[PDB]
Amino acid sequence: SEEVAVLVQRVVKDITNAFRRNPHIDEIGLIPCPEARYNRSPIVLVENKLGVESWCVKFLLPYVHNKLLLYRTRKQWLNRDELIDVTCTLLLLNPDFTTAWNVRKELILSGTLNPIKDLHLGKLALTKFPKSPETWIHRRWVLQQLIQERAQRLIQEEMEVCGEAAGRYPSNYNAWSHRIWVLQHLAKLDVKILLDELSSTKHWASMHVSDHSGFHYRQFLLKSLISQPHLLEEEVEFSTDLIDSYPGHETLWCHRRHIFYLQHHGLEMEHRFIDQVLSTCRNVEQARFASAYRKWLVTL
């Protein structure tokens, strides 16, 4: 009860020292390990991955959680180094703890936290909590401080982080929401970025046919290109191929709707596609979605 406090401090120290030994750590995970059976740290570093042995987490999060609250509540002081390290450990364990992120915002405003350090923190928490809403929210707050070419390196690292978080979590709304935001506020809808994203991301959509967030992101790319032809046609053909190769995905038929809606700013070709689909299809889901597409089609 007092031997545990020492242990939790030790494990906090072990996490910080992991990052000194390897500042290229790029992933964290929980190592299922309910028993402390040897005198080794529960912090296991193998190559670039940082594993945390589960037996210690039941001690580590309540202590670091309450340390942060006792600080915030003005009953126990933490200095700058401890703030940074206590909140680092909390966000590794529970990145939806907004108060923990908010303490780093202040540390960043005061100048003692390099913002780039929080971009790395979020990136690593996102390897374990890819949908974490607060982490994305914090990450946008940091990014907007850094805009008040380094932009392109930021934009480019956001695309990869969002890509990483989308591959780790099915239909990751928050990852793609963040990716949209970045386009809006960091790239300000730069037409060549929208183009490079449209091409980079066609591969990813090919591989994630049931993921509607990814297709909406392509929908966003195209609409935003509009607001500044061959791209729409090539997106309908892409949808024709995907619908044909992977019958029965509501995401693909929903994508074709959105994309065909934009192209319509003719419908016989789309009727015959629905006719040809419904005549020769074995998938029962595919028939639902094709019949559903036509009821949508005729209200035009």
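Between two forms, the rigid core is the largest collection of C-alphas that superpose within 1.5 Å. Positions refer to the first chain, counted from 1. Compared with the form deposited in another entry:
In a rigid-core overlay of the protein, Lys75 has its C-alpha displaced by at least 2 Å between these two forms. Each of the two rigid parts keeps its shape between these two forms, while the smaller one turns against the larger by 10°, per C-alpha superposition.
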Given for the second form:
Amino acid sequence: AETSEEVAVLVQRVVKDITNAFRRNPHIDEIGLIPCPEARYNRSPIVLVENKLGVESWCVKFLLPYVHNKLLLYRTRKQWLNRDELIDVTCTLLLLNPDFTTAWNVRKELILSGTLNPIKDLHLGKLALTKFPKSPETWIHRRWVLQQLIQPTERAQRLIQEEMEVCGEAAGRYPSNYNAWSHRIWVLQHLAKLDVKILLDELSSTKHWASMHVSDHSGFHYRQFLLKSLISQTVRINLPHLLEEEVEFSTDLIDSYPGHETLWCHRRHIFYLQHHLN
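Now that we've seen the form deposited in one PDB entry, could you pull up the form deposited in another entry?
Keep in mind that what follows is only the chain, not its partners or any molecules around it.
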């Protein structure tokens, strides 16, 4: 009756509280969820500090299944949604549940229909990684978006650098983030096509990280991948010297931080790369 109409107004109201939150502040570092069992009368569940916005826990308990069900009504063709409605419901669903695959697929259909800007999904997905750095679907969707932007140009090289920064942060929020590194590798293979210029800059930029983040077998695999690619791209750069420098860099870390087995196995693989050129 009226209750089903009241919640329709309430949900429509709170999604604009987030929309106007991004408008008052484009720069939003992260997304959080503040604990609040019951609602306050004259208070909106959307709380915004200088660069972070949070949502009271009561809001998600009541309104999340409403937005969730409304998207399913669109997919079953029982209740159509507008352009702005679709980009609002998916945005809210993925800001709370990034692994909602169907919600991502909706934005895909909008992106290449000229409905949604692909750059927004890069910004949207970037926010989701600040809360869920492991979320597979967020990475999976991002790869799809990146394939739509390129299909190296200046914009292409700018794009890759952006992906490198979000692969560095996602690797910092959790050690050995497989999905965050496997995505970084995917970028080099498809968006860079193993361009030797980028590969060299990646080796130089991951030196400091490798020093700090020992016992990170995922991060060191990226190191091994850079070297293996540079070898494959040459069938200018002193290729044996890179293996000379790597085995020495590995030793200096062992001397400094002994007992780390992943670090030891890394150097063991560099040895294999040296015997391969023989």
